[PDB]
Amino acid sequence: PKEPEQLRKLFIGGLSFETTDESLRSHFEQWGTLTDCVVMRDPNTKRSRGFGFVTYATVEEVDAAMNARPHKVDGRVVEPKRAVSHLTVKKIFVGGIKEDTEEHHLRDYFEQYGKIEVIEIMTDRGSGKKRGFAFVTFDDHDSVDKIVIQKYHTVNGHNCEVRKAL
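Form solved without the RNA: structure of the chain on its own:
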């Protein structure tokens, strides 16, 4: 029961024009089995378009590669990102938390996706009452990318709606 291929791909931007299918594969095979690895090139000149993609056998292998950033590939720091579900942001909206969800609930849950920098539990401008949603800001976009492709998020017993923010 393999994870969907779309969830096992990493788009690699910022490639050296010298990077090849073979050299990109040799690099990223350090973090797992690669079922696909392509450098995008011009159809007429064969000159590199400066980006490519690798497909791992499992999602855990994608995580391993992302946790090994920064990647310097053939002398150039590249920019890996998970495939589109790119709106590259570090902040999420968390809705459906009602009035009893506190900072530590959100922190304890979301800290396993990435390093948290800000947690903002929203309150009513007039009364101070909790409005039932929050924003979490991480230090890096991959946390958010992992979060928003999950079907479900359960925090403080609530089934929450989570999406990318601004």
Contents of the next structure:
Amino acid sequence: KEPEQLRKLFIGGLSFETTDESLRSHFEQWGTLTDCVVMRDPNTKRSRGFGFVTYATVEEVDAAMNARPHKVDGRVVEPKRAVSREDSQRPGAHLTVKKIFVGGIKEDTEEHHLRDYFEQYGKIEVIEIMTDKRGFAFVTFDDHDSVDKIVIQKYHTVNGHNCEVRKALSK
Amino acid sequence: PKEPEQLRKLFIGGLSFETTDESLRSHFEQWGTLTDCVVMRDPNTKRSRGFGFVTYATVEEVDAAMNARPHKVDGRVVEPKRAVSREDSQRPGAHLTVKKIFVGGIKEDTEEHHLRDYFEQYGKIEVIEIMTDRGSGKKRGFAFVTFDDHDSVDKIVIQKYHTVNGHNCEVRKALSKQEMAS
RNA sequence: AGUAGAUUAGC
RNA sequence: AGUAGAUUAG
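Given the form solved without the RNA, state the structure of the form deposited with the RNA bound.
What follows is the entire complex, opening with the chain shown before.
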């Protein structure tokens, strides 16, 4: 089957009223839910303002993301690809961005190589190979979910060779 | 439509210093087609650095090569391992040989057969141990699995996600009680 | 002494 | 409390 982590969305900005039951009845419009939970404060039992929805298939996850915007219990909420507990500890893991850093490209790698591999994740806006070639490049998408789909994957083969993918940064 | 290059690549450690790209190739193409084969050399001396990489066309061929250990290349037994990505190679101890993994993030209803059901596919299991807290009696949220061949572990840690009992869980090479307090 | 690729952070 | 799951080191 497909790994649980790839079938899970993080839902940001929940209302205090939002429950496992209310969250479920909304997001089950886009598929079957293997799990649906609001994270609550262990001591107060207040909602902590976010939850998780898990579909049976990644297709259903994709459908829910394609049906943005999402309003739950009177509140616009923010669904994003669920970053694993391990990757969540890395700085910038949770930023909403449209641009990725691509490092480890070989010297004969051209722009159409990068386009051929990254098209599958979403509409590409801009590709820029760094010149001085220094072995890295930048790709800009029009939808942050395109980036999120990319960084939850481990390997990326461009022109027959692995390369590392990171969210592009401000500093 | 291939399989990622990183999963098709083996690190070959301990090469004879006379081994070349071609001699390394003629040995390892006995187990399949090689999309690449290289001896790593020092940039200034051009001398061999004592290790290389071979990449097969399919991971199936990688498995065949690993199942044919030991491998003697140009008179010397070499040590082939799953090629750890440059990114993962930067963390301490990434290349140490272990048969035992730490498994963290298992739910309270996760049983011993759940762990065995998922990890069997990587190799013969020797020992599974779910950690229960003394003084409380219930599960602590992690476990340990011991395999019979380190390559089983190496095949596990080059994958990203591991769904045990319907939930993701993290896998790390196990360190000793001493090594951890440090 | 030894078996981890290093041209993987933009003007 | 209010947008990252600490029951993830024996």
